[PDB]
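Consider the single chain below, provided in structure tokens and representing the form deposited in one PDB entry.
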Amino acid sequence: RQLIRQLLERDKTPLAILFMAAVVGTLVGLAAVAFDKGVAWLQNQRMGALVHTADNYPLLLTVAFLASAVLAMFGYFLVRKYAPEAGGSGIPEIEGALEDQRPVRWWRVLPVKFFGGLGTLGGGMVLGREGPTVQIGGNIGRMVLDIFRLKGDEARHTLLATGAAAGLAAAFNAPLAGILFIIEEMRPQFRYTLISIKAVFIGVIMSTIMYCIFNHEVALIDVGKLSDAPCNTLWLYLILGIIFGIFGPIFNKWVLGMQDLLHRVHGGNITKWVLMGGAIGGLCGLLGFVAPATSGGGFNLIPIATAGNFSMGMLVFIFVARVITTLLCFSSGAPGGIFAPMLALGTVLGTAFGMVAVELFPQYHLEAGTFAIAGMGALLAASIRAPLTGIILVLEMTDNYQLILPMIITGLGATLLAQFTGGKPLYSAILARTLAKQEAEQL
């Protein structure tokens, strides 16, 4: 009573950050659930109010095109106006914010990364919510430093990585992917002052506690308990990392090559960025009815492809027609991450390797889905090149933790073959292309 509580005056500012890291993690966990439950409302009101008479296929294709384009145009007009920095994932806009390179305007991003991400991702576009939640989370961590008035220089990098950790923890119910997002992915940007790593923990805890009360689901991806991977067959997860580790730098040259190729029909205009974003967001709404595996930001193709429900000629067709629809969305300037459309390209090429590995090897008794869970985090290690948070996020979402060894081998063969090929991390190459564009345009 009177022998313990007098030590608060000794370290009053560390206990001022760790209390504020509890209100960062609470406010990010509310803004992430209202994102995910608010984007599922616009996705259920779209397909639910699509079929009306069930025999009017000319009008039903028109409604599926316009009602997903106007929602997408609401997410493209609110981005190039009033908040131009919320025009992509948001992981490069916080990686250049832990180091003092990019400004953090929470008064502009938070009514835009929320209300534009609800119209972009709610239009059936191939874009995930790992983008608009870590960017929202990185700005709520900046928001409480202007509400609670503190001008600390170490309390502004601590809370901005707290809500960024709380954004990944409250988007995928993944408390371990949120902490290791700051540790090993954002390694040259984090400080680790022994109180900042405790403040990341409170923000991750309070954002996953607020995921309990409104999301009573067991997993985000509903693939059950798959088979084990014996260590007679752990060399096929090294050939899987070789195949994924070569496509990774080729995909990063395709992301950054389509950001400049699509930036030629409009050239930077406002009346032509929006009309192009409605032609993209309407095409991914028109694809939501005629081919539901092509459109969408993953997470429904993922527990279907890993069960062997697709054929071989249809898994090749999806990988061609999902690369086209994920380079037309993320490499266009829409608020939405490339993360969840990379989880849907990992279970397609992973199963296409897993369906061939049971024809050449009948003596291994291989399941065709164990290469889809392992391949899911193998494009996150070759493109983004954050292999450890990309294999404690496939495990946190599919709950298939028995593949903890084969998912490292395909996460290590992907990182090793992406560095040998000549590939950069994707979230550090979008940031390095926006800083060099900022320096060369104002001069």
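Residue numbers count along the first chain shown, from 1. Think of the rigid core as the biggest set of C-alphas that the two forms share within 1.5 Å after superposition. What changes on going to the form deposited in another entry:
Core superposition between these two forms leaves every listed residue (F190, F353, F74, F114) with a C-alpha shift below 2 angstroms except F190. For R433, the Cα coordinates differ by under 2 angstroms between these two forms after the core has been superposed. A movement of the C-alpha atom of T233 falling short of 2 angstroms is seen between these two forms when the two forms are aligned on their rigid core. Once both forms are overlaid on the rigid core, the distance between the two CA positions of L328 between these two forms is under 2 angstroms.
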Second form
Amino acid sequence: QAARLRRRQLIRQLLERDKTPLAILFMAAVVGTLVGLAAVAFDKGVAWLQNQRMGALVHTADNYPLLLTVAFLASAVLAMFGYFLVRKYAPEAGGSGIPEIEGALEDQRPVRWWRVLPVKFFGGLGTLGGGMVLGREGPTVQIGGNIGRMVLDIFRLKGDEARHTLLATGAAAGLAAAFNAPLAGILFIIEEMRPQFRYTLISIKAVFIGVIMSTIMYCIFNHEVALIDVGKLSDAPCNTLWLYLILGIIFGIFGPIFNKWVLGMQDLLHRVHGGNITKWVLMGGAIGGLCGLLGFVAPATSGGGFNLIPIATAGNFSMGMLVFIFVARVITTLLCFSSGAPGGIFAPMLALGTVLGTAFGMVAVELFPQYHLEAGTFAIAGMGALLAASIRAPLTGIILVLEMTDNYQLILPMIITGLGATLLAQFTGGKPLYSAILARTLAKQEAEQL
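Switch from the form deposited in one PDB entry to the form deposited in another entry and give that structure.
All you get below is the one chain by itself.
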């Protein structure tokens, strides 16, 4: 065996460890600043169109059929504009955009920033400003990875590594700016967006710089109200931690069931239009118009879902209301994401996991009155457990819920629920969702090849 030359190379490699060149480190600060500025202008444009829509529903308050007509039509034309931009100019800007950057980090999936960037921005502004059940982390990760490719072409950085670092720097900075979550942005690249089956040269120090330069832009220019702001919930005694494994087992079964509902609704809604230009846009105006109609009446069934998360965690919702919200937010998420709308499924998975967790917590409170439980500790453990059972990135989602809810006393319930979600997803035969979107787009790409 020739391990004494593998030892000789390793001593050389250990003494050049963590030696990113200065051009990659400087350009990662240029990428992350531009990502953090583009994500602020995206959030300021989405929140402008939402308050322009809600302002148009308090003006015509004396005519309820006209008030429901405006709620349908303002969100229809906003979604029809967003569907048209994807279908005419950049078809890879439809859906999340995270498998488009994951496919780009392993050298498939070309990064057409001259098309995707003024499509995923303005078309995600119409779908998310129209009140559809879509996250801003869909657009901002693909906008971020395309900005990192946009700053690879202006300054002409040569190198295989510098392509993979800066494309991953902006994708990390786009997730970090969407959630105000810097640790979850870096951990999304190490765990999920990494090429999982080979060694890649992505400098994590450059991914750090772009995340932090993006989070500094969240300070100066973004002025909002700290998206998830649940309080300081109760502690979790360590004899009740088996109840968070039951919750993770429940999540780990629904997770694979939810993924084949995402992939099945993509094939089901594609048979409606047949890939046609105007039938896809007219269907997307009906999906977006319904979610603007379901944002005036029953408003906790549409939107991204961060509103209902503090109304959950042992709040206003009864058990019959929690069942109705969960079923309706499954249908509206499946209609929004599995249709080609620019917008992610990652943040609607946060709201679907919170509702399932607090519905489980309401049962665990009534069943076990000796543990002195509240329903809100299970809504925090469940919040990142649909991200663990469907996207299969538990380390990102446990950290992300820690960034957003700020309850470290519930961290061991969170890791127990996030583990049992991943374990039972593997046991019941589910794949990670972004891998399965990518495995379908690359199989469709090779089926169009003659």
